[PDB]
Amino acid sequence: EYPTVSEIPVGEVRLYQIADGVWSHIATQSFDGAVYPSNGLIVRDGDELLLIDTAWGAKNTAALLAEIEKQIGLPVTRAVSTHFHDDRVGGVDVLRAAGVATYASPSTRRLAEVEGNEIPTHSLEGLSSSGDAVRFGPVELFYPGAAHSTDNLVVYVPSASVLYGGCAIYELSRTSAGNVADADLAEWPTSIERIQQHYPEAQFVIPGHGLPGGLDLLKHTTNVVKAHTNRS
């Protein structure tokens, strides 16, 4: 049911409808010669769409906009990037040229600039302290604390009980740590516990890469992060 690398042509994007007005978007990308899938989210709000994260680069993001027009046919008016890495912001310029208002926290914008990645235009206020939550239309944005990155945000869709964990949450298939160069390993389990405490009612949990699951993805991620922490 859920799209994988085998089903996605190079530079193409698939959508997966989760609920009334809620989809994930799935793209693929090469990195160090391996191919990775990558997820984002789309949430309807009246006659417009809210986009969470790019599709990991300009080509994929242009394909994402074309796939949204084909399958949904409503305009994307705002986008939020959930951390500063290129799988979340690469493609922001494509969104901006299409008239989308791009958003990220001030931390994400600063880190993207330092890295040389695309920088969302607008700033999301009220998210600088661990445990902060703000409404953003049909979703709630939550800063759980440092984890995969210091700036990582999670997104909850209350009407559908969908928790989008982004790259702070691993799919079950990933049993060893991914890119931890920008991570706070010491804080990552605590940050996950804040997610569990804030959204214990979540039914569908979306990792940044790979297959959705339930709240067991939070325990899974903690297990993997702790095992990496204990590498010897």
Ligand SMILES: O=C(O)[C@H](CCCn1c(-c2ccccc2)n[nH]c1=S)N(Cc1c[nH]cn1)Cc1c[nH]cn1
Second form
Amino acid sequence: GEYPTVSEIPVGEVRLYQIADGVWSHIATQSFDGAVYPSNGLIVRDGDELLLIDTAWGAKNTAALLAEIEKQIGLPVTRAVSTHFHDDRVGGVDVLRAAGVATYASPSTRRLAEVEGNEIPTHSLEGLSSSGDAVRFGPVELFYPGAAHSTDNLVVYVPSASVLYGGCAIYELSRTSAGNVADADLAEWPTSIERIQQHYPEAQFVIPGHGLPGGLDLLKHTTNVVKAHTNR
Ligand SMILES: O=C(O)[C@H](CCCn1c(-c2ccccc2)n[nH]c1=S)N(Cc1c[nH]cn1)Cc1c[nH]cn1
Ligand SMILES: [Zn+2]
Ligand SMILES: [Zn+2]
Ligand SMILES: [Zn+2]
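Form deposited with the named molecule bound, following the form deposited without the named molecule:
Whole complex next, starting from this chain.
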């Protein structure tokens, strides 16, 4: 159908969107700093259970995500992966943990989360410490492209559906300016996106951390925006 926007989503609520067989995005909204912005995560079917990529941003949003999963899919979320250490991706980890979800992130993510005073996913993902590293995690591949929006950002690929979840390292087409880039490596960002490009040239669906999915041109768009900001 039509991809959900802040319009179709009351703040505190979560919509699911089916991208492919056994793949969904989860879309939530958050009011920051006067404005309302949407946020995407992923859900991937793993036999008779569910792998969750990223929290719905907050303990209350995350509890609403689980309820909305329990309602629309009715399969249990057994594992969750946070793609970076910011609160929009780990906020709700405690809720997940209380519901019996095993929470995972790279050591680099866990370290920064700890330093940040954020919630810390329980389990460590080994083998992602070097730019270009990939590891399998059930029905997805996890990929560390190098520093971009943050030094720890991961991307997620669903081989079975050619879905690339970029997380916050990839911007939607609508987004004309770099956001908060305080934690970013602007100097390495484009090289990291090129790694993503070179590793997943067959991706059919590209999901940005925020906003509307597209194809692989989201990667060039983000390059273009990051480079204009570098040049500001
Ligand atoms: O990228 C940005 O800076 C933000 C989105 C912040 C989401 N976020 C956060 C975050 C932001 C607030 C609280 C906790 C975590 N960490 N990493 C990311 S990505 N907005 C609003 C903004 C502030 N400055 C410039 N833009 C950008 C946005 C995305 N989609 C719609 N707006
Ligand atoms: Zn972030
Ligand atoms: Zn465990
Ligand atoms: Zn984000």
